[PDB]
Structure formats: C-alpha cells, structure tokens
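K.L.:
Chain residues, written in single-letter form:
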Amino acid sequence: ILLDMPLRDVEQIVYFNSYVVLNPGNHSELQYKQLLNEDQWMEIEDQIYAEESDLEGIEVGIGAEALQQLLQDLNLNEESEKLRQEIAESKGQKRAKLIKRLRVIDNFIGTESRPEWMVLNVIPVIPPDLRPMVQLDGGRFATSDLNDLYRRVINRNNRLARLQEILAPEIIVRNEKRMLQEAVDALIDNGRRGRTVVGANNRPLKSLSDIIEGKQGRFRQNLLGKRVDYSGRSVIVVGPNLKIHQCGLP
Amino acid sequence: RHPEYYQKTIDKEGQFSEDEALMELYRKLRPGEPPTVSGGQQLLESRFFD
Amino acid sequence: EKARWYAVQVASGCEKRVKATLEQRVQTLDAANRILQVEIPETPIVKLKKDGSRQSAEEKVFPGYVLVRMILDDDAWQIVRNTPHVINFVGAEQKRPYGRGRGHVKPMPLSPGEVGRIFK
DNA sequence: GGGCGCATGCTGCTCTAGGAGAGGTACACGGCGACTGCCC
DNA sequence: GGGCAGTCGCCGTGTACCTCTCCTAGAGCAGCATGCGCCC
RNA sequence: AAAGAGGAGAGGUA
Ligand SMILES: Nc1ccn([C@@H]2O[C@H](COP(=O)(O)OP(=O)(O)OP(=O)(O)O)[C@@H](O)[C@H]2O)c(=O)n1
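Protein chains in written order, with the deposited numbering: chain D, 126 to 375; chain C, 201 to 250; chain G, 19 to 138.
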C-alpha cells in the first residue's frame with residue numbers, strides 16, 4: 126500500500142525472482158519502479174555496454190531486497206499534499222483506494238516513524254530461561270523448537286558472511302541470501318508464505334507466532350485462567366439432616 | 201457405442217499424433233521444463249504401468 | 019569450445035560421492051564429449067590441533083556445490099538432473115505457474131574472470 | 001600346541017545440520033474480503 | 001472504460017477431570033574386544 | 001537441601 130504496487134511485484138522483487146528499476150536515467154522506454162526480467166536486463170545491458178552515447182544516465186536496476194532503497198526515497202508531506210489534491214477530482218472505487226493510502230501515510234506522520242524500519246538489520250533473542258533445555262533422557266537431552274530455528278538462522282548467517290568475505294562469485298551469494306530470508310521467515314511465522322519446516326517426524330515446528338495465537342495460546346490459557354493453590358476435588362453424596370448453609374468435608 | 205458424441209471433443213480440441221500428444225502431456229504435467237517425447241513416455245510408464 | 023562451467027547444488031557431505039557417481043555414469047554412457055570434467059575445489063589452510071602446531075588440512079571453498087564443465091544440451095541436462103544426491107542447478111529462479119513449491123531454475127555459467135580467479 | 005600379531009564386527013563419540021521432496025496426494029463447512037475473466 | 005460475476009484464500013468451531021505407551025536425530029569415524037592366522 | 005521437563009498418540013467419566 127505504501128509503495129503503490131501490487132503484492133505480486135513486491136513478492137517477486139524479494140525472493141530474487143525479478144529486477145526493479147531504481148533510476149530510469151536518460152532512457153526513453155524505462156520507467157521508475159518498473160519490473161524487469163533476466164532476458165530484458167541482458168538486452169539493456171548489451172545496449173548500455175555497447176560503448177555508445179546518450180545512455181550515460183546511470184541506470185540503476187538492482188534485483189535484490191531493494192525495498193529499503195525504495196522506502197528511503199519516500200517524502201511523506203509531498204505525497205500527502207498530492208493525494209489530498211487528487212482526492213477531490215475523483216469518485217467511486219477509484220477514490221476509495223486513494224483514501225486508503227492517505228490513511229496509512231498520515232499515520233506515519235503522527236508517530237514520527239520511518240517506513241524503512243519494516244526491513245530488519247538486527248534480530249532480538251529471547252532470554253534462555255523461557256526456552257529450557259531439560260536434562261532428562263539419561264544421556265540425551267530434550268527437544269525445544271525455538272533453539273532449532275535460532276541455530277538455523279545463525280548457521281545461515283555465518284555461512285553467508287564467510288562466503289562474502291572471500292569474494293565468491295555473485296551467483297552463489299544470492300542463493301545464501303534467499304535461504305537466510307526463508308530461515309528468518311520460518312523463525313517468525315511458520316508456513317505463512319511458503320513451505321513449512323518439519324522436524325524429525327513429519328510434524329511442523331512451533332514458531333514465535335504459535336505461542337500467542339489460539340485457544341492454547343498464552344492469552345486464553347495462562348492469562349484468563351489459571352491453576353491455584355489450596356484447592357481440592359472429590360465425589361459428592363447426599364446429606365439429609367443438614368442446614369441449607371452447611372456442608373460436610375472429609 | 202455412440203461415436204458421434206466423441207466427435208464434438210475431437211473437433212473442439214483438435215487432433216494429435218503420438219509425439220504431439222506426448223509433448224502436450226509433458227507440457228501440462230511438468231510446467232516450465234523443456235518438453236521431450238522420451239520424457240513424456242517416461243512419465244506415462246512410471247505413472248500407470250510400472 | 020562451448021564447454022562452460024556451471025555450479026551444481028548437492029547434499030551436505032555428499033560431494034565426493036556425487037563426483038564419483040557422475041564420472042562413472044558419464045564414462046559408462048559414452049557421453050564424455052558432452053560432460054568433460056567435474057571438480058570440488060579445495061584449499062589447504064592451517065588447522066591448529068590441540069597444541070600450537072597447525073594441521074594445515076584441506077577444506078572446501080564452496081561447501082555444498084560442485085563445479086562441472088559441460089556443453090549445455092537437453093539430454094546432458096537430463097542425465098545431470100537424474101543423478102542422486104543432486105538438488106538442482108544454480109541460476110535464475112522462475113515463478114511457479116500454479117500451486118506452491120519451487121519453480122524452474124535456468125542455469126547460468128560462471129564468468130571468465132571468476133573462473134580464472136577460482137582456478138588460480 | 002601356544003603366545004602374539006593382524007583383520008574385523010560391534011559400538012560409542014561426535015557433529016552438524018538441515019537444503020528438498022519421496023508420496024503417503026486425492027480427504028469438512030460456512031462467512032468475508034481481494035483480485036481477475038470477458039462482455040456492453 | 002466499466003464493470004458484474006466468479007473464484008481463491010484465510011478465519012472460526014463449549015467446560016472441567018482420570019489411566020496407559022513412546023519420543024527427544026541420525027549418519028560418519030574411530031576405539032575396542034574378539035576371532036583367526038602365523039612362527040616357534 | 002532437592003525434587004518431576006516438555007511434546008505426541010490411544011482410551012474413558014460428568
Ligand atoms: N458432553 C457433555 C456430557 C455431559 N456433560 C455434563 O454432564 C451432564 C450429564 O448428566 P448425566 O448424569 O450423564 O445425565 P442426565 O441428563 O443427568 O440424566 P440421568 O442422570 O437421569 O441419566 C450434563 O447435563 C452436563 O452437565 C457436559 O457438560 N458435556
């Protein structure tokens with residue numbers, strides 16, 4: 126909604142399936158925020174690299190995450206004024222859509238937030254006492270699901286850093302970047318986008334979003350109801366000759 | 201027993217040869233991969249006759 | 019020569035097996051003209067043991083990929099993709115038309131400068 | 001025959017990994033919002 | 001241009017209590033105790 | 001000073 130693009134294009138720029146034009150340059154067919162392909166990028170690369178003139182417009186087409194750069198180029202006040210001006214001369218379903226966008230934009234002005242904060246550079250790690258290891262099994266150890274996801278994320282990060290250090294060819298690095306993105310996605314919310322991570326048996330793991338979600342989540346199990354001390358339970362029989370305010374306790 | 205009923209399917213879907221049918225089977229069963237006659241034969245044999 | 023260099027994704031710790039199996043298959047199929055040579059680049063680096071002495075053992079530079087010199091043709095692609103312990107080629111991914119799962123990966127050769135750099 | 005040396009099956013330490021399907025498929029039911037086809 | 005109509009995907013589906021079992025991963029590599037052959 | 005950690009199946013009683 127913020128970038129005014131369909132979800133398919135944004136999903137294709139991420140996960141390394143297409144390119145995006147970050148700067149048209151002095152071209153006649155290229156446009157800002159235009160989806161490209163491998164063959165088309167090859168054609169434009171042949172055109173620019175033919176050592177010709179009139180193409181020295183610095184065409185910047187980067188097919189990567191490349192969302193931080195697009196979100197960093199946003200000016201909120203100018204877009205707010207433009208949308209407010211354009212709202213009046215419109216009607217029907219065309220107006221409503223614009224209204225929606227306007228809403229979001231004004232939010233980012235009220236809270237003084239930056240739209241590029243939706244792309245992550247650092248990841249928090251939960252305290253270790255909330256994901257215990259447990260020392261049963263005699264010689265083995267218990268299974269916890271958060272630790273596996275954290276370990277996978279760390280492994281992918283270390284491999285990508287090592288590959289980047291020694292200047293590997295830039296067709297193997299993109300693979301590692303894609304697997305790192307998928308690993309982080311699986312850590313946050315398992316099965317929301319693509320395939321689900323499966324443990325030993327064909328049973329999906331429990332992510333961070335599965336702890337707070339449903340009937341067995343934190344809210345409806347540990348906060349709105351609890352187990353208590355000083356309580357008992359037993360079978361009931363009938364006692365006549367009692368008073369209406371009395372009971373019999375073993 | 202009613203051959204005139206299948207004529208509609210033949211007309212509205214066109215006619216095929218063995219190799220063209222195998223190529224079409226590969227195309228629809230495995231999207232994206234380059235079609236091949238031997239490939240489609242392999243899918244058919246591994247699907248319904250192995 | 020049209021024989022270009024490609025990278026193939028294999029299983030973890032299953033690169034020597036893939037190399038041996040692929041070379042044996044390509045020899046027994048009399049297709050040595052299409053697939054020329056497969057390799058797993060290595061580099062000896064200091065491997066300091068319990069004491070201060072370095073074992074200086076060999077480790078892989080790309081732990082998970084194997085390099086193949088071949089002429090990219092349909093049949094050779096079919097033989098290569100049918101080898102056990104091989105996931106897929108390395109290249110440009112494509113959007114899956116319908117349903118979930120991965121798409122079709124178009125192979126891409128290594129540039130002459132890179133292939134010069136890896137091969138000293 | 002007997003002590004010793006080597007081959008070998010058994011088993012415990014280790015580490016590492018972690019990708020991607022193989023196929024376990026085809027398999028409930030209602031309500032609501034977000035795209036897309038083919039025509040007027 | 002302007003849509004209707006159709007289709008696809010995500011959300012939801014009462015409460016307390018009792019008993020029995022199986023599992024925390026799986027494959028490579030090296031140490032070891034055993035069996036069998038050898039030279040005196 | 002110490003003492004139980006979770007998970008998954010199957011079967012019951014209001
Ligand atoms: N799925 C169920 C089954 C039973 N109950 C509880 O258990 C009671 C069943 O009582 P029960 O003794 O089995 O039957 P009654 O209807 O009382 O009839 P009777 O005692 O005469 O057989 C229900 O009313 C209800 O309080 C329930 O909550 N949920």
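Because the hints were derived from the structure by calculation, they are not lab data. Treat each hint with caution, since some may be false.
Unchecked claim - Here are the simulated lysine to any residue pairs, SDA-like style, with alpha carbons at most 20 Å apart:
id : chain 1 : residue 1 : chain 2 : residue 2
1  : G       : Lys124    : D       : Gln165
2  : G       : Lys37     : G       : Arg52
3  : G       : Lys124    : C       : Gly232
4  : G       : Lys113    : C       : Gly232
5  : G       : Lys113    : D       : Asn300
6  : D       : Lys331    : D       : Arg284
7  : G       : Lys78     : D       : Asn282
To be verified - The calculated label-pair distances, taken between Cβ atoms and stated as ranges, are:
id : chain 1 : residue 1 : chain 2 : residue 2 : range
8  : D       : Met167    : C       : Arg247    : 36 to 42 Å
9  : G       : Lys113    : D       : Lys351    : 47 to 53 Å
10 : G       : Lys113    : C       : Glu218    : 27 to 33 Å
11 : G       : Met126    : D       : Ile337    : 40 to 46 Å
12 : G       : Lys78     : C       : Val237    : 35 to 41 Å
13 : D       : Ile126    : C       : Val237    : 44 to 50 Å
14 : D       : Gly319    : C       : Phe216    : 33 to 39 Å
15 : D       : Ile337    : G       : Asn100    : 41 to 47 Å
16 : D       : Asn200    : G       : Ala75     : 41 to 47 Å
17 : D       : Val323    : G       : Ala75     : 30 to 36 Å
18 : D       : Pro249    : G       : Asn100    : 43 to 49 Å
19 : G       : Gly31     : D       : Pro249    : 29 to 35 Å
20 : G       : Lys113    : D       : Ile126    : 21 to 27 Å
Unchecked claim - Pulled from the structure, derived: some chain G residues nowhere near chain C, Cβ distances all over 10 Å:
id : residue
21 : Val56
22 : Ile63
23 : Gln96
24 : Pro102
25 : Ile105
26 : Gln112
27 : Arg114
28 : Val133
29 : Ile136
30 : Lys138
Backbone N, C-alpha and C fix where the C-beta goes; we use that ideal spot for every residue, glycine too.
K.L.:
All hints, please: hold or fail.
P.N.:
Structure-based check of each hint:
Restraint check for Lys124 of chain G and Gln165 of chain D: satisfied, since their Cα atoms lie roughly 15 Å apart, inside the 20 Å limit. With a C-alpha separation of about 16 Å, the suggested pairing of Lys37 of chain G with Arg52 of chain G holds against the 20 Å cut-off. Taking the CA atoms of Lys124 of chain G and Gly232 of chain C, the gap is near 10 Å; set against the 20 Å cutoff, the hint holds. A hinted pair counts as satisfied when its Cα atoms are at most 20 Å apart, and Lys113 of chain G with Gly232 of chain C qualifies at roughly 9 Å.
Our distance criterion of 20 Å between C-alpha atoms is met by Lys113 of chain G and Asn300 of chain D, whose separation comes to about 16 Å. With a C-alpha separation of about 25 Å, the suggested pairing of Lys331 of chain D with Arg284 of chain D is violated against the 20 Å cut-off. Distance hint between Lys78 of chain G and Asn282 of chain D is fulfilled; the C-alpha atoms sit about 18 Å from each other, no more than 20 Å. At about 38 Å, the beta-carbon gap between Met167 of chain D and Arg247 of chain C stays in the expected band of 36 to 42 Å.
Judged by the Cβ atoms, the range 47 to 53 Å given for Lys113 of chain G and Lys351 of chain D holds: they are separated by roughly 49 Å. Under the hint 27 to 33 Å, the C-beta atoms of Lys113 of chain G and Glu218 of chain C, about 32 Å apart, fit the expected range. Our hint of 40 to 46 Å for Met126 of chain G and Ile337 of chain D holds, since their Cβ atoms are close to 43 Å apart. Our hint of 35 to 41 Å for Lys78 of chain G and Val237 of chain C holds, since their Cβ atoms are close to 40 Å apart.
Checked against the hint of 44 to 50 Å, the pair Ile126 of chain D and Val237 of chain C passes, with Cβ atoms roughly 49 Å apart. Checked against the hint of 33 to 39 Å, the C-beta distance between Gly319 of chain D and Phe216 of chain C comes to roughly 36 Å, which is consistent with it. Distance hint for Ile337 of chain D and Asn100 of chain G: a CB-CB separation of about 46 Å, consistent with the stated range 41 to 47 Å. A hinted range of 41 to 47 Å is violated for the C-beta pair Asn200 of chain D and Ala75 of chain G, which are about 56 Å apart.
Between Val323 of chain D and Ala75 of chain G the Cβ separation comes to about 34 Å, which falls inside the hinted range of 30 to 36 Å. Our hint of 43 to 49 Å for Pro249 of chain D and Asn100 of chain G holds, since their Cβ atoms are close to 45 Å apart. In this structure the supplied range 29 to 35 Å holds for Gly31 of chain G paired with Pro249 of chain D, their Cβ-Cβ distance being about 33 Å. A beta carbon spacing of about 22 Å between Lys113 of chain G and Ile126 of chain D agrees with the range 21 to 27 Å that was offered as a hint.
For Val56 of chain G, the non-interface assignment is confirmed: its Cβ lies about 23 Å from the closest Cβ of chain C, beyond the 10 Å cut-off. Every C-beta of chain C lies more than 10 Å from that of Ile63 of chain G, the closest at about 40 Å, which supports listing it as non-interface. A Cβ of chain C approaches the Cβ of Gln96 of chain G within 10 Å, the least distance being about 7 Å, so the stated non-interface status is violated. Every beta carbon of chain C lies more than 10 Å from that of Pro102 of chain G, the smallest distance being close to 16 Å; the non-interface claim holds.
Against the 10 Å criterion, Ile105 of chain G stays outside the reach of chain C, whose nearest CB is about 16 Å from its own CB. Its closest Cβ contact with chain C, about 6 Å, brings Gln112 of chain G to no more than 10 Å, contrary to its assignment away from the interface. At roughly 8 Å from the closest C-beta of chain C, the C-beta of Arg114 of chain G falls inside 10 Å, breaking its exclusion from the interface. Distance check for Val133 of chain G against chain C: the nearest CB is about 26 Å away, which clears 10 Å, and the non-interface claim stands.
Listed as a non-interface residue, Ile136 of chain G keeps its Cβ farther than 10 Å from every Cβ of chain C; the least gap is roughly 29 Å. Against the 10 Å criterion, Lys138 of chain G stays outside the reach of chain C, whose nearest CB is about 36 Å from its own CB.
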